[PDB]
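A single chain, nothing else alongside it, follows as structure tokens in the form deposited without the ligand.
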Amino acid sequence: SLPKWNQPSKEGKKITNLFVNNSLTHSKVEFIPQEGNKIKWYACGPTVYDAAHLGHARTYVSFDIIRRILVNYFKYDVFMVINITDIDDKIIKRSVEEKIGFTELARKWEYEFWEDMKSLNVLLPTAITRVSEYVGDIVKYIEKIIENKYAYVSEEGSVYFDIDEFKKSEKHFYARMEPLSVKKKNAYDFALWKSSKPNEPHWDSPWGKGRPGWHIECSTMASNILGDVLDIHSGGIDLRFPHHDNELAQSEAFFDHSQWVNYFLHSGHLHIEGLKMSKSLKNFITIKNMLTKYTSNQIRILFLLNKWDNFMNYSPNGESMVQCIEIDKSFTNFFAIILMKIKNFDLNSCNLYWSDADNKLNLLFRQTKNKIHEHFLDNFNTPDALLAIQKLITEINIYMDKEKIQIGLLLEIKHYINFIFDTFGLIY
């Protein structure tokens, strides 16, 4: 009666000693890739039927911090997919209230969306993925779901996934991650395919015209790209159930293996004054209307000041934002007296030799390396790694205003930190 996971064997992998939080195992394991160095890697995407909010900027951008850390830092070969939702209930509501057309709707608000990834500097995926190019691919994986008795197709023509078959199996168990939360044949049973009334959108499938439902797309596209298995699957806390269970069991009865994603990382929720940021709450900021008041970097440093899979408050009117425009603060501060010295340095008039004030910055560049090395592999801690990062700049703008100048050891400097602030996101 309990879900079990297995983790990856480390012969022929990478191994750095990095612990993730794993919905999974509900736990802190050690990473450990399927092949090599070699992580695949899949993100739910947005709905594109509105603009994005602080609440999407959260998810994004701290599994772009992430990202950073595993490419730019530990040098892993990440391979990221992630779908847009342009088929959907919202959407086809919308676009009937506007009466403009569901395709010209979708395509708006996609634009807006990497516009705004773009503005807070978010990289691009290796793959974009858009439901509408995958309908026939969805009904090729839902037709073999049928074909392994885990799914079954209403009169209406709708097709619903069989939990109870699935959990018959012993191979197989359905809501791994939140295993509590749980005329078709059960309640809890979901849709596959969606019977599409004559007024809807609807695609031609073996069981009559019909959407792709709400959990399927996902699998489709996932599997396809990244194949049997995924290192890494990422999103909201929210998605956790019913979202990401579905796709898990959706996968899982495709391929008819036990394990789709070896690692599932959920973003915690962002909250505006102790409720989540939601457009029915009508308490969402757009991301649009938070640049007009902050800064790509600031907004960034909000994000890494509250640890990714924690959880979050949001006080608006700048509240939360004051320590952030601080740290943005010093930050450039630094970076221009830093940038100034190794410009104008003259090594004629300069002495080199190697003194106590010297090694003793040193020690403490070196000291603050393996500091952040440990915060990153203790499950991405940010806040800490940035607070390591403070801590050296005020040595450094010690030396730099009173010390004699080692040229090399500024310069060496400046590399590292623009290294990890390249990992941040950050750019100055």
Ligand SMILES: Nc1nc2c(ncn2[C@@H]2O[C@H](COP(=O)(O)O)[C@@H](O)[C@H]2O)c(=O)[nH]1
Second form
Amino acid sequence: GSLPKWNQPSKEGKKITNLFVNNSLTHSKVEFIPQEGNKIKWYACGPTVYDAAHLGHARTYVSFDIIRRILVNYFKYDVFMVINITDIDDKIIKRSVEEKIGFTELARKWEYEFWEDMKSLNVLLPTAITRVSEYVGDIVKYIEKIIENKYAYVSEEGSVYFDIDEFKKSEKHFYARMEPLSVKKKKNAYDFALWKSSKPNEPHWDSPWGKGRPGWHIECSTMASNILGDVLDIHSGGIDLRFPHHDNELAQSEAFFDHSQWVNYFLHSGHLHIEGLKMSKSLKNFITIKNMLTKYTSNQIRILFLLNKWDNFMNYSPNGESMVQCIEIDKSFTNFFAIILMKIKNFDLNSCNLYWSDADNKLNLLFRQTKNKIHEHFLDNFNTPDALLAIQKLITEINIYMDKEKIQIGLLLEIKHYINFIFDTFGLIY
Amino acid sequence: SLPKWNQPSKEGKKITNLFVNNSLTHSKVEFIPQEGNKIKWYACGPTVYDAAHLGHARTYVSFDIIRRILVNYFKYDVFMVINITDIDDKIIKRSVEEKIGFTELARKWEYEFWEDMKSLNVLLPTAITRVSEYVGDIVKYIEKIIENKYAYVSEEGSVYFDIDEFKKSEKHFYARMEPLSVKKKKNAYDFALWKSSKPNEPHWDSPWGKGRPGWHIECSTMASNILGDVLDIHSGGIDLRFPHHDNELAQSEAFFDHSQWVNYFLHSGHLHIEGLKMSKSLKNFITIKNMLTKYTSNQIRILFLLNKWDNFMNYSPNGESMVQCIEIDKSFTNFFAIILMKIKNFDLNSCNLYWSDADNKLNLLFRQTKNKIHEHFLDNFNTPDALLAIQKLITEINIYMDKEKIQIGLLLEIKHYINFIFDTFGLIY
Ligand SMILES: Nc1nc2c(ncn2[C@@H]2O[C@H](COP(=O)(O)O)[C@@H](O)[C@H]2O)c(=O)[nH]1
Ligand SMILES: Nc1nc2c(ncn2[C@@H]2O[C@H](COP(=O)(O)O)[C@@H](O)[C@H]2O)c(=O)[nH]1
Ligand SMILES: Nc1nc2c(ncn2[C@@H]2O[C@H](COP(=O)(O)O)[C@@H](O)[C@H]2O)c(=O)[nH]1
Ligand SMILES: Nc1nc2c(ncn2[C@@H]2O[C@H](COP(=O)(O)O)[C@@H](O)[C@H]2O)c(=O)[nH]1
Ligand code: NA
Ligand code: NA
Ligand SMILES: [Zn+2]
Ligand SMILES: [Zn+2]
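Other form of same protein, the form deposited with the ligand bound, not the form deposited without the ligand:
Now the complete complex, all chains and molecules, led by this one.
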């Protein structure tokens, strides 16, 4: 009917938190319902490992790390996550001849440094790490099934292409669900390659159609489908990937399983722009995660991303201009934990009075209110900027209470623990 | 002819389908908060005249576990109050035998009690309410009970709860939880709200004369001032259910003139040593400090994790009961040793990360165990079965790490989940 349709999961038997997430399939905020129980099957597109990672990559993976911590630590969902490592790619192939070291040896180098940068930022590793080099055989069988479903064709040179026209014809299949308006050997220019016949002096793999490499998009559909299956609760990535990469993943997986909805919720992180231009290796405006870590700490970098809503675009000001606010917040969190611990330590039950005073009750009321504010923020599509503000306000009032008033030791311990619980959800470490 | 219980409405509340053994209904009922996800919780505290023993440990560690389940696992919001009974006949007697002040004795054993609690990793409550600091509030509480014509004053200057006037009212039933357990008095079963003090005994000025608060009035006063007319949870040991807890309900119902002061009354079962309750008087008791020179806090918490909070349990001394606990503590320790070392020393550069069938089978048992434990916690805090679920999962993880090629991310997830459950249990590794 010229409009793509979206089927919300049924609510019976599912964990309902009334969480709302910005879903790129509906281009709106919708209630999140698991496919099965409280389980969330989640695939996230990974890096292409030919170079150092930069602050833009940090934005995406730290942002979805925070969302993952919110889902699992805060809401107690059960998340099964997969991230691919794209270790075969044209950029890796070209760089390996420039570097005069093996392609595989170059790919491990930058995958290792990528995971070390993620660990440095306190990013949790996914459940499964799926490398393209280890899945080429699975990829080929995936392409075969797409061909048997008559949604792909083979060129004489030995490449394989996705037949978009055959895909559209089916009433159950719509091409480019998320960006409908973004649309030689080929039937049509809009067809894309699943298998590429191998260029000379290029790494290659055996296949029924000839020596070749996987195409850009087939890696993700194959790996995600083998481990997670015919329905994905969440698929994530940066916004630039929405078309053509993610829409093509949907086309390949729908073609493979012959069904209409491979993914219930598609989440796209907004881009990090430096001076109004996206941070890209090509532009030469980029800042490596390692350089960033020599001036600033993991907490400060995470606070930078906490201050910017995950699905919005953000602008980083270099020379620490944007980092000035972050350093202030990290400095005050550190000082807070210092004080409240000294006051808990020096508290003496025998000499203090433990009457529940009016000052105590006022702080307690603010403490329970702040718990409910933060809960609404997380339900409001992971509004970490406002949740972080709630904690700062609560800390300002705790500082006043501790300085003057007589302190209820138990109340202060409870508040320290809640703030610890929220900071663990953020990935901050104090 | 039987008291009725009104379940809170589910509308607007956090509903977990949790079921708790409620002494008011003498059955298992679904737990519904009074307001949203908030739980107002009052727990009867110790009388600070002596060292705490393993029985006190059973009650407070068991309800610490329940509190951790409620807050850490289910993400409820718990506002808790515990009284310290620092004025009491037992404190007065002990203070004269030792020839020390009533307050100096109470502070000493209050301090050792909180130190014993910290040693067992028992979380402190939000508010600690001492009777000596609330004597004025207690008096004003008794006044309102008298104005509602549910209490009367004797010639000596004492005040007594008029049970018969309380029963007459249709909105009030006396002794809801133990209905069959029922001189100056109108009736012998009336109990004192205010006791006229002998001149030597410590006392406080009051409208009816110098006196002390009675046994039960302290708790109704303090819980009502901080938490109010409705208590989501009131907890204590089983022997306290009558007359102490039933009298708390009568006093609070009389004060507020309503029918239900507490939605859910949870009573931990008693710890018996050689078939008799651990009591200072019997001389069968084991202090928490003595216990901690023989066994560790984790081992002691595992003992109470193995015994369901609301059931009676028998401790066999000379380490008979503790042998099982020490084995479990040993196996948790060794499991964490391996999984932590393999996570640290895992090297992404040299490893193969294909999602193998062994990886998929461990993952399936891992998610299955999450659902088993979830059902156990909903089943009235069945920590013994949740603990067994963890043990089963740990046996299979040990095999996986020893033999299979390990998915570093999957092992991190399992390490994180088991830590999350151990924090809910209060274990520290
Ligand atoms: N990307 C995409 N565009 C489609 C599809 N079907 C129709 N359209 C677009 O929608 C317009 C309406 O044509 P119809 O929907 O009747 O085929 C066409 O001009 C075509 O560009 C489809 O499956 N995928
Ligand atoms: N936020 C943000 N994400 C980026 C940027 N550049 C790449 N990404 C994201 O980082 C992930 C991996 O990056 P890749 O290595 O594919 O360039 C992708 O999901 C992509 O969307 C950037 O400048 N900002
Ligand atoms: N425990 C208890 N028993 C009551 C109450 N009201 C009446 N009863 C019992 O019910 C029986 C019937 O007496 P009535 O209900 O006429 O007072 C009495 O023998 C009395 O024991 C009450 O509030 N509490
Ligand atoms: N499980 C258990 N609890 C006890 C024992 N003795 C006292 N308690 C509990 O410990 C708490 C404080 O005891 P108290 O200081 O009032 O003697 C009360 O809630 C009481 O129920 C015992 O032998 N076993
Ligand atoms: Na794009
Ligand atoms: Na009793
Ligand atoms: Zn991808
Ligand atoms: Zn009490």
